[PDB]
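J.: Read off the chains here:
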Amino acid sequence: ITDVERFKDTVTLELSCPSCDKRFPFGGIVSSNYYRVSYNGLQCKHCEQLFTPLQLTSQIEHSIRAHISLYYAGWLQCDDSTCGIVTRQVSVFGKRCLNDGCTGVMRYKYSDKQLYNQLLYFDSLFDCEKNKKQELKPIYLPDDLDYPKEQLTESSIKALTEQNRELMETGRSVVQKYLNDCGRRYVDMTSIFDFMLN
Amino acid sequence: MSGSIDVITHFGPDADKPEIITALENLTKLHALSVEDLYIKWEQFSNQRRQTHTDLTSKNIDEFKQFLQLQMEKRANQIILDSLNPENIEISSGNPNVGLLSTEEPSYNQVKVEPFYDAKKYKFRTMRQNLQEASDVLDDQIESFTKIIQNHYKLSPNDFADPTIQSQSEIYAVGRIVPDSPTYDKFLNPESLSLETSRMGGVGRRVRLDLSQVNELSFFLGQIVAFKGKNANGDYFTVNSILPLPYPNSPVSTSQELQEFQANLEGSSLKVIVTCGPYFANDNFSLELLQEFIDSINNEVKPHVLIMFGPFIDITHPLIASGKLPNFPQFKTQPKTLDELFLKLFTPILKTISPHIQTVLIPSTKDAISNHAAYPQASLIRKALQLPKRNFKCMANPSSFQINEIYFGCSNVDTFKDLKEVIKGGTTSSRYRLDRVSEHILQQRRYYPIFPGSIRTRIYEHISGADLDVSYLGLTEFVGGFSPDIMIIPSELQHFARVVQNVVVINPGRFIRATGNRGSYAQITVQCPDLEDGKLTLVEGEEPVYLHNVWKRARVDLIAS
Amino acid sequence: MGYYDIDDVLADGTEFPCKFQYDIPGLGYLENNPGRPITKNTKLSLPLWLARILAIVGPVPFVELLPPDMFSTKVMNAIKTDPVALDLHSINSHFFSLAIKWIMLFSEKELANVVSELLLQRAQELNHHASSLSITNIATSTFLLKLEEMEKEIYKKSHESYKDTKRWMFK
Amino acid sequence: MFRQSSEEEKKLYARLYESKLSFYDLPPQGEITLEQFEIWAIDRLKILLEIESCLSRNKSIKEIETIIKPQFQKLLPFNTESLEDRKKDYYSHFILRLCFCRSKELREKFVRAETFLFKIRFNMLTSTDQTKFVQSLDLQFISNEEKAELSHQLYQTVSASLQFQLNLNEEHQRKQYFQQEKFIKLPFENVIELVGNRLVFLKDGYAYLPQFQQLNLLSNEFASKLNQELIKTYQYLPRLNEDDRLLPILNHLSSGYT
Amino acid sequence: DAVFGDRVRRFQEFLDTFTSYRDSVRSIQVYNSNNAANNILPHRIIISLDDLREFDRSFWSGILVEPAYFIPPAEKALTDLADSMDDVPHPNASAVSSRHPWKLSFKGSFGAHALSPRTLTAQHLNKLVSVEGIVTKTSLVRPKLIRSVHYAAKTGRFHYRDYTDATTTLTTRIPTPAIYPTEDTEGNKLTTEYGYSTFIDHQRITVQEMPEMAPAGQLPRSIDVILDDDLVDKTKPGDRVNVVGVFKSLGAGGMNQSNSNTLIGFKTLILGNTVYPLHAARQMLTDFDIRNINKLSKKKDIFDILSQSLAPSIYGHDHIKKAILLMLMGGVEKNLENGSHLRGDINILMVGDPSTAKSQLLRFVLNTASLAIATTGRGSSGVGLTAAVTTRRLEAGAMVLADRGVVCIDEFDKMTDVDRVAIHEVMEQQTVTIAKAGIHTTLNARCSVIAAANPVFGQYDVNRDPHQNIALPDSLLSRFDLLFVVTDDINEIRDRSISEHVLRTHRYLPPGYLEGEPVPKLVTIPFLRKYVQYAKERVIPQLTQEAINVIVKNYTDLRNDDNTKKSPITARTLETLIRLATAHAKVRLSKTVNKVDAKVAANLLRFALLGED
Ligand SMILES: Nc1ncnc2c1ncn2[C@@H]1O[C@H](COP(=O)(O)OP(=O)(O)NP(=O)(O)O)[C@@H](O)[C@H]1O
Ligand SMILES: [Mg+2]
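Residue numbers (the UniProt record's numbering), protein chains in the order written: chain A, 1271 to 1468; chain B, 1 to 79, 203 to 582, 604 to 705; chain C, 1 to 58, 68 to 144, 158 to 193; chain D, 1 to 5, 44 to 177, 181 to 299; chain E, 18 to 55, 90 to 331, 338 to 448, 455 to 582, 648 to 741.
Chain A on its own, in the form it takes in the complex:
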């Protein structure tokens, strides 16, 4: 599955400039009208402010924790199109709709899948290999008004990725901290081999 298809429903990472407060979407090492990745790191195109590694990584971590908190807000939605009730209440049956007479199935509005894909989307933005191969989810479409006029060359992207490897690895490490705690990841063979426990 391509990153475009996998991350179609993910929220784009938005960074706020520490100097001029302008917010812009961050799409890795790509051409943008709002930021430039130089040999020294990420730079805001509006005021030319260079981001320190801490300024970047803190915003990423804040976004991650915001998504986690949203997940644990625990909003549920009925899957019946006629009812469609949205509530944070959980019945003792869990999946039973709380609206009287409804047989729909309650589901998390923000699922563990959506959160996991969101975290992976954040991880992908700081993957050096994906940046070099230009396999990231695009933040601009060619028909968008904010589509950058000047495109970075493949050679320039590879050079900028190599030059910013430490920064990209630091950002990725922040994401990986939370991904390692995500329950949606691993597969336990010990429990799985219950037939040998026949």
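Honestly, the hints are just simulated from the structure, not real lab data. There's no promise every hint is true.
Claimed, not checked - Derived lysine-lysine pairs resembling BS3-like cross-links, with alpha carbons at most 27 angstroms apart: (1) E:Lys352 x B:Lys65; (2) D:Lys273 x D:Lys244; (3) E:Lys352 x E:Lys719; (4) E:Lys127 x D:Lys112; (5) B:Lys455 x A:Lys1447; (6) D:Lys112 x D:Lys100.
Once you have looked at the hints, place chains B, C, D and E with the ligands on chain A.
T.: Just chains B, C, D and E with the ligands, lined up with the frame of chain A:
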């Protein structure tokens, strides 16, 4: 002129052909190196190929571009405000060993801090809540309370019936307080309350509550309750009487244990200090106040135990949320992550705490240094914080632990603020709210009995909340089935210290206010257990045990930070 | 490693290569010019009793130790191919003393494993030439020119032991 | 004379790959990732797909070995000390059990391909490794007197095979080898493929097999035990149905064989 | 037989484990495949014997003690690796059956098996050894048959067969008669296909112990070595060399029936596996050297720094040092399109009083030039100094041996007139030509000459003409670019300065020694040699109009103005100006000669010629 002659004064006059000039100019502009640097690297390139005819042709320059990128990537690879019991108990003198330089092993005056929970159960993976598992926990809560109520009031199992079914006879019903409407709009009144039953008790159905016959009540969402009443018409369960939930038992100790704890302190009083984050203001990351506090801790106060509640690095801090983190000129190397920020700011300060002071750290769900972002929450990783093993202990949230004979119950979630009560009656309304909330916590036998958890929104966008992992809420219950002697739940509300049902309930308040002004911390003095002074209550049994009665022999001072 | 031991006194005076981490006034006499400073990243050859301290005292200490030629890779390969044929006397007169001092200084693990094998393999032929008593000189004399000052003492105290026993028996 | 004197998972896989090949005998333990599950299964699947493709093209063992051996270093390494490679190999086999236990056709295709891969890897071993691997599987040689009594018949049986399979064109060399060679006695039904080609000597319902042959017994035991394990794996597929996140991967893996 | 297969497998594991040898195979293959489409590199690889020790001791000792049983399977495995890697399709007829596998070579840590010709002993037979010595004889190169191909006329089938001889293989086989088959098994007449058959090169040499090691005036001892394929002609007599190979025996040793009563021994040889030279001149630059050389060249006065760093132990004579530096750099040699030649190399002469460091300064050049020959003027004859006849064969003299180098001649005044006139060709046409009984040939001699002499009266006499003080013909003095006169003029402060200088020089102690034990900035000589080598190979300054404007004016004034000048001025003086300007531009690493270089060259020639600046 300039680039052409610069090339022709390093490369030969053969470079005068403009394509060659353009290619070399492109290289110097691409890689920022000067013309003479490019000439030097061209000379490096001319070596090692047996190519005496390293002529300045277009193809040779293409190979030189490839060589330059190989060299580039290889170089990269190389490279007192308020007080409880002030009139009866003097402030402890503290730990006499604090301030003594002596490396000698701390032989006699060893306050023992021991966790009273299974730490492994808190190391579950987050961000994966199964709705069926969550519902199972919620159902089990109702069933557990049904058993407690049945045993306490000596009721038969047949006395309990489904409150949703029409009955002319009075029945007993246990369930969870829930809103009458699933889409309720944040304000609950007594007329908008329903009772959710367990799967076994009422097949999980909800029934509206008619509380007209009840004069005094205090209810909140998620509360487990027991009622005696009837459903005459099938539409609403008319409550005739509320059955008060029994309080949990108090902790006890043997005579031998109490004598050992008395000998450990040599008859002196225990001194415990409790602080709660944040530890810096909303507009900066200055820890000057914390440094001053630790200096006072080490030289004047000299506590036996220091309990520090997070958040140490609040992820919702305004400067973090806006990305406006400052430069730290005091550091040779700037921090790159919030974890490194802790290691550069907090760790040097915390390491100055005297090794004779046992330091307990309890995380917050807002703490950036914790990857376990859900309540219940795993302990901080002490090694990752580079804190010494000798006197630092990282505990879970909530945490139950024992200091000598005294059982401490700690929860770093703001239950006092989050618990919104639906009240009726003059007597209930005249009582202090935080007492009623404390009683709710004790009766429910859980540090955070609210369900669904609280959320904070801004103009709506979700900001934060209690962040409850519902499948693991069993870990938030009182450990061992008894209340703590001292319950500490930090809250954004005003600091307080109170005795509620023989439990000392403490909110230390915030260490520092948002504006940078001083906040508050709690100083707890507990007199030593004495079998002869009559402050302990003997409970008769096969083995004589004693109630600690910490509330009779504890002083709590709320002090400006 | 006693205080009054002559061999230890004499082995500590061997020079090792060093590099400075601070500029310092007046210490140019180390560079054989008393009238001048030492400057950062200068390289000098200093005796071990001095370099052993200037590498430790602070933070960044004053001197950094460079890898000396007597522990070079060529020597290690020579040691590991055939230890008995090796001319350690030409490499350095006090090899097994300096080896232990350097191991203590840097807590090397692999060097200890190499040196232990070297000693154990050379002890065999040393015992062979110790046991062989006349009832020959060239065959013995060729190997006994490749012994360290450390190994000569063991050879002498072994030969005398065998000879005294032989003398007493046949008497 | 003079004289002197989880970790368990890692030790398990060190034990399982000490022989360099395994019958894949035991239940895995601990955890790996779901990405690893998919990728490892696809890697082994690619090797087995090429093996089946070459066999459908009727290519010989030598040609298949020339085609498949470069793929081990990329997809499924062999003759390696790496714990990651060993876990990759073991787990990928176990995953494709669950993919290919589902039907008789899938079981037959998987058994055929995996047994041929087993043959390839066994050919890559040294004779010492082969001996140790066979001995580890707890796998009757005839007496010297019985060999002497049957020597004419056994030599007549193997003399052509010694010339063509071991290149022993000289009769003197064949006699010396035969003097040093051991023979195995078992029922003729166990080696019937060699019987049909008249490569073994038959007496009273028993086949006499030289030690330099008989690898078909080892690979047939591997195939038979794998078939039985797949039948067992099929019987407890309803327990696999408890994690939905695995079924699309297994459907994708099986689709390339249908 | 079965053991051969396992040894091939084990070496395959080694080649897969240590990956730097795969890169070597592949790089040679892709290089050869590139230029084939338009020199070619040999199919040979050198392995570190240490890697093999750390990989498998049982294989290491096997290679080193039983090479006949371990080298062949290892070499076979290398060929399989190179063959399985991708290669160009549709090979030609000769390529299809070349009979050409890859071959091995070794380096590092031979231990006890590092030997010399005196100490090679019967215990070492069939072992792999390393020897050191001097080459004394070399055979002519000869081709050797190993395989032949035949076409059968009727059936259209191509047949072939292989041949062996005792020096072609490490293992031993029945010898082959060297006959070509004329007729098929089935009676068909055969034809031989040259060009599809395979032949290889063969050469025998002899190596002797170095004379420095000879005991007691005793006879020296020597060994014969066999070379083939790529190793042929990489040495000549007088080379100091280190050879690696297998030490082996040959023949019947008289046990095939002979008159000797078998007292005579068996024959023995070393089969050359690898050959390395010994330095006893050239250096190879690292990247850091290129950087330092280029950075230093931008100082304001590099010529002063470099010139003063020549012979710092000699006080004074700044201008002679500068002249020697320009000589070591040299001009640029021209060959015009019609075959006409214009000289490039600079010749220097210096004449002066006794003890004034003439011989001492002349001695320095001999130890900083890359190729230099030294001789005394009376110890050499005209033919010995140029060329001589022998048996017809023609044998080179000293000026022919130093071709692209420098020749130093001391006591030049003692050379007879009959000897001096042999040199007149060599210093301008740069050739030697002989026309004697049974011989006519031309030889090349392109060197620069530097020489020292004493004046006629034993000390220079200023009260007599320079021609009276310097008894040499005008046609010879014209061939020296710079002629320097130097004298010992007595003066207090000069005497004091020189004496203090030599006393400071005699108080030196070398670094590793205690006192009394027996044994501006200046660049080191090992760096100056790299600077000179780099400058002479990588920069060739072209002349410019601004330089020419200075050269023409200076030449016409210097020739026409009447003065007491000490040398004849001729058309060769103009060339001296051009050469000196070019050499100075080369010191500066400039791609072109500028006005500054011409000015400096003129100011040096004026000093040497007219005695004053
Ligand atoms: N600065 C100096 N000037 C002159 N002579 C020096 C100087 N430094 C050393 N010498 C010594 O002068 C002595 C004679 O030098 P040398 O080069 O042989 O003189 P020369 O010109 O060859 N004399 P001669 O051999 O009679 O023609 C040697 O012993 C040198 O060491
Ligand atoms: Mg002299």
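J.: Against the earlier hints, flag every one the structure doesn't satisfy and list their numbers going up.
T.: The structure conflicts with hint 2 only, although it agrees with all the remaining ones.
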